[PDB]
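Next comes just one chain, in structure tokens: the form solved without the ligand.
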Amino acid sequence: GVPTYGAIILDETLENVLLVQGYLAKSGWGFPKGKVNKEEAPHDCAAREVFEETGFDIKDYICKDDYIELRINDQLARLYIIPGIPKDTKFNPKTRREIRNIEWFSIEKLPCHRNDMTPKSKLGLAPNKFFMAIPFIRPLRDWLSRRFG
């Protein structure tokens, strides 16, 4: 796939993260991110996608070596970690045609896996509105413990 770049924005307490909710196939909650354009650098793509989806500009805050990157089904998604953004920041997407809503969520309350259906003796996973965020949650928590104690 084309790589995607974006951000994990945290508040001043490091307790909350900013998620966005899209439409249709993207109808659940996920970190702001999107596909890189031809010849666009990773940090520029992350700032662009984040400003398109949240109206907040991360460019002055990106730290080149501070990110979580996952390869999911042969596509790479890298999210730059952006701590310390106040909880009272006004966030507004570019177009409501793409983003339904933008909210802070408690990190300790977010799931880091979907639940099975072993109660129903059925294979697979139960739906979860955080499905797009979930893969990053445990790596984030581990990253925060390592890089803040």
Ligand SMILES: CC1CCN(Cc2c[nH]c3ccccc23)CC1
The other form holds:
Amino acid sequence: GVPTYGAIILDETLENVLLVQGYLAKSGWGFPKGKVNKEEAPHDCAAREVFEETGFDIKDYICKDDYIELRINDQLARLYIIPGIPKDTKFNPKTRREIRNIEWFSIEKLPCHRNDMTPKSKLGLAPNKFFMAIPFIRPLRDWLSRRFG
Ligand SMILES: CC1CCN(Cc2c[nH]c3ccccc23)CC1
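Starting from the form solved without the ligand, produce the coordinates for the form deposited with the ligand bound.
Expanding to the full complex; the earlier chain stays at the top.
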């Protein structure tokens, strides 16, 4: 897989993260991110995708050593951590063909795993609209503990 880059944007209180809602195959909520172009540096791809998806420019706030990186089915995903962005910021994409909605969500209320169907004696997972965000939630809570406490 071609690696992906983007951002976990947090507010001033560190309670809330900014998620985006796509369409079709991307129909639930996730962190803003996308596929790197040939020759493009990681930090630049991250700023481009977030600006295309949210209308907010992160270039002057990115710290090159502050990110969470996951491998998901042999595709690397890296999200730069961007704290302290005010909750009254107005977010407006270019691409409204791709993004249904943008919202702040409480970190303590987001799931860190999907629920089984063990009450139905059935295998697999129940659907969850946060499916794409889920893998980052526990590593984010751990990173915020270490960095801030
Ligand atoms: C955080 C608040 C709720 C999100 N809003 C912007 C927004 C919501 N949905 C969208 C779809 C396309 C383009 C922009 C938007 C800013 C204030």
